[PDB]
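Colleague: Here is what each chain is made of, one letter per residue.
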Amino acid sequence: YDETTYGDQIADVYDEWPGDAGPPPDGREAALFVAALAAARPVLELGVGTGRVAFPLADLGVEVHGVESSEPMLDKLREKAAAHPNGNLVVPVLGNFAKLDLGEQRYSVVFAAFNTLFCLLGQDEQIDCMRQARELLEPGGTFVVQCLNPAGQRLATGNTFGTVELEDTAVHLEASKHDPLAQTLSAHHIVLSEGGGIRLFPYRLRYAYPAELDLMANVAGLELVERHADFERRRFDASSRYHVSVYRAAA
Amino acid sequence: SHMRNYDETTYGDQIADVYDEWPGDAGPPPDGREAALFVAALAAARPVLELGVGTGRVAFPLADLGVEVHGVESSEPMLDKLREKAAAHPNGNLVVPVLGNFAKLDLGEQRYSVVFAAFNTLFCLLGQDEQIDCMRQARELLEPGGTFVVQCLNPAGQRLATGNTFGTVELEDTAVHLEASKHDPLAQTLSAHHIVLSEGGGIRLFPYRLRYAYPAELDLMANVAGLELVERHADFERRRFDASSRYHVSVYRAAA
Amino acid sequence: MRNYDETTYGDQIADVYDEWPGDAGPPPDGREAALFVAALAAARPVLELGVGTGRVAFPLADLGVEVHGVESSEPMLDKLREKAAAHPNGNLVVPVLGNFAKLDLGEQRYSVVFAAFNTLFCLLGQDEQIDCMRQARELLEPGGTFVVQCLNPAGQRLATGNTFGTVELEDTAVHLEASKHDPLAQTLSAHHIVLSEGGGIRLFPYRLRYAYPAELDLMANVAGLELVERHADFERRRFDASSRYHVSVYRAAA
Amino acid sequence: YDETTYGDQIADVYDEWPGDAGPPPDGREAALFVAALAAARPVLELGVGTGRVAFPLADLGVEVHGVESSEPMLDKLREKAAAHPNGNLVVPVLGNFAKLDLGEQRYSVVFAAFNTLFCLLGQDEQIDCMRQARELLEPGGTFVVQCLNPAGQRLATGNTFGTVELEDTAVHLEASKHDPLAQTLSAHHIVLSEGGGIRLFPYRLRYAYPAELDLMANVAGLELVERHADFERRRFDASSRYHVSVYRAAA
Amino acid sequence: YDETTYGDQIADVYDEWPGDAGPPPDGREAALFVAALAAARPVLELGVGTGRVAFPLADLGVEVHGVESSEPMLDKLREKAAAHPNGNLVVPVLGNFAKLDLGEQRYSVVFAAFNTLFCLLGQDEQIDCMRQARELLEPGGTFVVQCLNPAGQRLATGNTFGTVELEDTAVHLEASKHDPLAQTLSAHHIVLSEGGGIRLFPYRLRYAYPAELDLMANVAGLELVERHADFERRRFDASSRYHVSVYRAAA
Amino acid sequence: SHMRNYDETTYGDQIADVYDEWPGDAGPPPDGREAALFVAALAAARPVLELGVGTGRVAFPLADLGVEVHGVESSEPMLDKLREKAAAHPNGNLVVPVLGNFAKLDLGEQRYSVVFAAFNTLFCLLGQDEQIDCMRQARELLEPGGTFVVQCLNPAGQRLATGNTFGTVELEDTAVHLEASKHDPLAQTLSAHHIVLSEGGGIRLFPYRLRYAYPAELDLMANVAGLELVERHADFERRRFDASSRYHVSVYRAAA
Ligand SMILES: Nc1ncnc2c1ncn2[C@@H]1O[C@H](CSCC[C@H](N)C(=O)O)[C@@H](O)[C@H]1O
Ligand SMILES: Nc1ncnc2c1ncn2[C@@H]1O[C@H](CSCC[C@H](N)C(=O)O)[C@@H](O)[C@H]1O
Ligand SMILES: Nc1ncnc2c1ncn2[C@@H]1O[C@H](CSCC[C@H](N)C(=O)O)[C@@H](O)[C@H]1O
Ligand SMILES: Nc1ncnc2c1ncn2[C@@H]1O[C@H](CSCC[C@H](N)C(=O)O)[C@@H](O)[C@H]1O
Ligand SMILES: Nc1ncnc2c1ncn2[C@@H]1O[C@H](CSCC[C@H](N)C(=O)O)[C@@H](O)[C@H]1O
Ligand SMILES: Nc1ncnc2c1ncn2[C@@H]1O[C@H](CSCC[C@H](N)C(=O)O)[C@@H](O)[C@H]1O
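Protein chains in written order, with the authors' numbering: chain B, 4 to 254; chain C, -1 to 254; chain A, 1 to 254; chain D, 4 to 254; chain F, 4 to 254; chain E, -1 to 254.
If you're looking for bench data, these hints aren't it; they were derived computationally from the structure. Heads up, the beta-carbon is just placed ideally off N, CA and C, and yes, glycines get one too. Hints are not guaranteed to be accurate.
For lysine to any residue, the following SDA-like pairs were computed, each having C-alpha atoms within a straight-line distance of at most 20 Å [as the list claims (entries may be wrong)]:
no. : chain 1 : residue 1 : chain 2 : residue 2
1   : D       : 79        : D       : 28
2   : A       : 180       : C       : 27
3   : F       : 180       : E       : 177
Short, incomplete list of chain C residues facing chain D, as computed with Cβ under 8 Å [unchecked claim]:
no. : residue
4   : 20
5   : 126
6   : 154
7   : 156
8   : 182
9   : 183
10  : 184
11  : 186
12  : 213
13  : 218
14  : 219
15  : 222
16  : 226
17  : 241
Work the whole structure out from these sequences, hints included.
Modeller: Next comes the structure, spelled out in structure tokens:
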């Protein structure tokens, strides 16, 4: 399992998957939230993917630099950009965001949507990444992450099998193993289709509790300034499935 | 829920050629004989209407008891199964198959001593509004004495998880029957795929959707349709109905 | 699940039994089991009930312990003979085609008779398990002991009715299990399912009849056995209610 | 168990109980919600109680007629009114709201906060009540109810026992029985104090599910106009513990 | 904890407790079941208590000998008998039914209702008791037990606290410890009253699973002849909270 | 929430005179001896510091091993119990009681070969910030060799319900120990009353509050405090720590 194998497998279907099987449908709202903080300056998406968020941002006239480790994901992105009327505002960068190498450039916002931070499989690595994000922010800037909230996510300890989504001729199931000590989720997204085809798309995450994530930020030189349930600024509480957290350079 | 092509027809269409072959808990419940006795006891020894007759799991047991049964069914393939069976049945001449949608019954002058809907058939109509319409049309088809009987999953005793679930339905030597399902406790809908995995590598999916009603609500729907509840059991063998009953069988008659 | 022998477990799983990764495979306690058994073996031969592919037999042979292995499954037995020919100590493993519900070993006696990894529970009834225990007892020498490793229902927290679970993940397949539990007949009846990236599906069915400790102990008494020690595993960790398994040692009764 | 025994017991502590033991802290918000619908005409609260909502409404210059069955609850109300700078705007009525008897008077809003409609132990009785509320609405009028939402309320079937709230020198527990058929909750709120004292305060509800409630409203001649999670108009979904529903006369 | 302390405490309330707090309301049906098996000969109730079943049997003209360890329970029995028109047919015996001592006398039925046999805290003791019951049966005789069925009882592993019953001015709660190895239930029935009154009634049970109980009977010289869910001969299955089992002397 | 009179002190004050008398699961864990052996092994020839020494359930077994112990305690009544026991104990002179709040230790020049907090004592400090401060101070009191040892509930294996719960802790012939608690999974706080109901009609309430930390988080706290983790067990007998371990015992030393 690489930094890359998530992207590699899923690239060509990431955008086609229906409902709960796909990524969350908050592209537009995410773009507004980031854009609302971005002003006229450029922003850095970590793990830009197929640009689910980047393109909505470019529609708002926001320059976005997308770091991505996956060749195949990156190709999807560049394909979509060439067809997008605003593609020129999306700047794809091949690279590993655990070890960003962006030189002089600085950003008004650095964000990681939909568990991207949790794609780095260790607390250390996540602290490194945050510290790096910090160092790329300009005076005003902020760091925005969207993360599963373990409490509200009600994660069975051990192994689990669940129904993700139904289509007319396929089902989307997920088989997974949870290690509540390492705090890791390791899983297969399974697609079963009529007449018997089976496709498996594996992923691993390391998650953090909020109190922990906030201390991680603190070590990174970040301090938390707001926390919501989603990009529409809904109230965050214990039963929130996700959180959106905004951080800024610390005193 | 993102099963964007679901008809009043696609349940039947898919399942017709295996509906009768599925073992144990995978197949329909094994109370055909009982349900026929139950309905028959209620026939003014006269013709009854099965809503969603299917392959005739109930209709043929009724024909064996000398009861005339009109079966309304929306699925071309189920109806083909039913007709193919009737030709071979020694009493098939007592089963009258009707192609049609029972949300919009059109049977003219004919009246019935019993209109029934077994095994969640009524909940196949995906709406409270539609269900009421159907009950009222049932009511209007009953003769003086007549009654309307429904067999329905009882939400309480069915202990339905909120949200999505995945479950083992039945095991065979060379295949498993699983169910993948989505429950919307507000819309009160169950939306699901019955999955059959086989030693080949083969996979067949058979989707279904239900809108369920709670007994208090269902009784109020019957009241709106001009029916009043006359009895309620756990099964067609008249076992006592209580909170932990998985299903109920309810009998309604025209209102005062 | 209508067509289940004493054979169909083995027949199906033999060529993959040894290949399945992590939790999908048999427990990785072969060496420890051998040690545990060897310590009670002395200088005499031991009888493994349902020797299978020799997951425990070969570790025993490595310790210089002679092992007679009873197995009903042609295919399992063939795996065993194949590994024995290749093993440096294969000669110390004695395979025996037979059904251990009806052992027929004549004059031979054993310093230990053991059934690992729920093998005793493969006999689908309380009656058959008693019979087998009685037979094992009658095959022990003076000193001998009878050793079983068994799932502990309490610690195993079995749901009532049907369940479906993820057993293990591989890069290109998943191992699932579909099961039915009958808490009254105390039976577990299941399919181990392997889905692979091809679209291939392989099903491997099994059936167990479990027994609660208090009940198994009574069964042993009726068979002329009395319990001497109980652990959680072959490393002699303390047995308690949340132990997923137990290892019980019985000897002939006074 | 009368229409009366809920109030009779709880009156003298209803307002003193802390946190989750007391009634919800949305009196102000309720008042605002009702007031916005009130226009220039008087409104009718069903089971006004101690005036937790009535008085906030009076602060907004809205005339409130309060119907209540419990002598002791009513006494608490009148006591608070005399002290309240706007007490004269609250009009207490002894009576059973299952059998309202208000003659010619008409209201711009009839409301029932905090499960009050659910105090009537039968679907029949609830329908009568709604029909009667309908007939007391002027032309524009609306009927507002706040009700537990069974889905979001995740009610165990059968008996349960639970912690309600903690004080320095008491605990608030709750012993209850759920009949999922009759859809009734029958309970004792229990206060154990450090003295060795025990007080019990029993209550009964019959709840309805939203789709059922709506159909009841229809039979009463009402139609649903809006539904929220609370009086601040948050969105109502499956996991909403309560709902607030606004109904108006039907076409 | 004695073989006695169950009875001693509960005697004066055993018959007064409402609903689910009381003993099951199947006394009449029990008597009918036992009478049908009784033939012309006398029957022996183990742990007769306050004669919840013995008196209904007397009403059927059946002679009942009742063994009881609890002085106070026995006193309740004798008090009811004197008042009962058929009390003369109930023969109380002070004694411990783990160690019956009835000499020459033989019975057409020996029975233990409502977990009575589970009152002996050990597999050994229970076998002994069965073997003695066997040895007291005449030729035709049968041994009858009513027992909690652990499967259908869905017993939490570990401690629990539940609501047993509700009264207008008291609640019945139960605090409990389950040892799934020893197969023991150890508990306090708790009554809290509006006074400030707390009463604790402790009990212990050792249960057996059916397969195990049947093996026990085999060791005692009994073989199982029929099993129901209750004395009305409803069908026993996994979800049956109790079972009624009828044994007879073995071949 | 509404226990608005909760000090560093009100746990101790209330429980002191029954802390040692409570049976089975209601009392503190019976691992005093084992803790003492574990700590003494790390202790070397310098004094050890117990945080929240309480009634000396661990201190006295240590003094039995000839180890000098300084016990910080905030509770007047607990300390009174401790002093009472020491006077009667053959080795009490080795136990040195200190009135103080270990969130704000003030021990001057003295240094320790071990500083430990047993049975969730560190979690008595109701905040992540306070717990770090306390770890940093412990760090600063350790000599060169020194280690800092904590015994803490492991939330994963503790399987804490989210929200409020009510449970049976222990049973006596004439009293039950129940527990009523509220769990805030965001604040990571447990707040509760231990309730004793007795045959008299008597009610005793003993309230407590914890802030727990997950191990990964606790380690990062230790890192911020200048500590690095050197070993982790499930208990003082060094059994293996895993997901289903109810507690953990963690040893930290000064960082490179
Ligand atoms: N270490 C790493 N460096 C760079 N990209 C990474 C990475 N680990 C994961 N990724 C990429 O980050 C993405 C996580 S998926 C999220 C895609 C996109 N942000 C969206 O919300 O739709 C994938 O495209 C994956 O290939
Ligand atoms: N709107 C509609 N009109 C007519 N038939 C319908 C319908 N919706 C579903 N059905 C049919 O109703 C049946 C439900 S299955 C029940 C079949 C039969 N009553 C039995 O118990 O065996 C299916 O045959 C399905 O095709
Ligand atoms: N009645 C019976 N007689 C003989 N062997 C049996 C049997 N029932 C099951 N078996 C065999 O017992 C084995 C159970 S698998 C256990 C194998 C081996 N002891 C190990 O631990 O790895 C299988 O080989 C199965 O084929
Ligand atoms: N049938 C009936 N008629 C009139 N009032 C009733 C009633 N049944 C219950 N009540 C009263 O309705 C109130 C429910 S409590 C709600 C009080 C107030 N609405 C608040 O939100 O704070 C109690 O005061 C109770 O005594
Ligand atoms: N070892 C023993 N010997 C005799 N009686 C016992 C006993 N252990 C318990 N008992 C008594 O048996 C009774 C169990 S309660 C059941 C009472 C009665 N059979 C009924 O159904 O209502 C109590 O009266 C208890 O005191
Ligand atoms: N902030 C603080 N400062 C000092 N002592 C404290 C404290 N908070 C809690 N305590 C004390 O720490 C103890 C927690 S209970 C543990 C007691 C002892 N270590 C044992 O193992 O048995 C109580 O005695 C409590 O009064």
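Colleague: Compare the structure with each hint and give your call.
Modeller: Hint by hint, here is what the structure shows:
no.: 1; hint: D:79 to D:28; in the structure: holds, 18 Å
no.: 2; hint: A:180 to C:27; in the structure: holds, 18 Å
no.: 3; hint: F:180 to E:177; in the structure: holds, 14 Å
no.: 4; hint: 20; in the structure: violated, 30 Å
no.: 5; hint: 126; in the structure: holds, 6 Å
no.: 6; hint: 154; in the structure: holds, 4 Å
no.: 7; hint: 156; in the structure: violated, 11 Å
no.: 8; hint: 182; in the structure: holds, 7 Å
no.: 9; hint: 183; in the structure: holds, 4 Å
no.: 10; hint: 184; in the structure: holds, 5 Å
no.: 11; hint: 186; in the structure: holds, 6 Å
no.: 12; hint: 213; in the structure: holds, 7 Å
no.: 13; hint: 218; in the structure: holds, 6 Å
no.: 14; hint: 219; in the structure: holds, 7 Å
no.: 15; hint: 222; in the structure: holds, 7 Å
no.: 16; hint: 226; in the structure: violated, 13 Å
no.: 17; hint: 241; in the structure: holds, 5 Å
Hints 4, 7 and 16, counting from the list given before, are not met by this structure.
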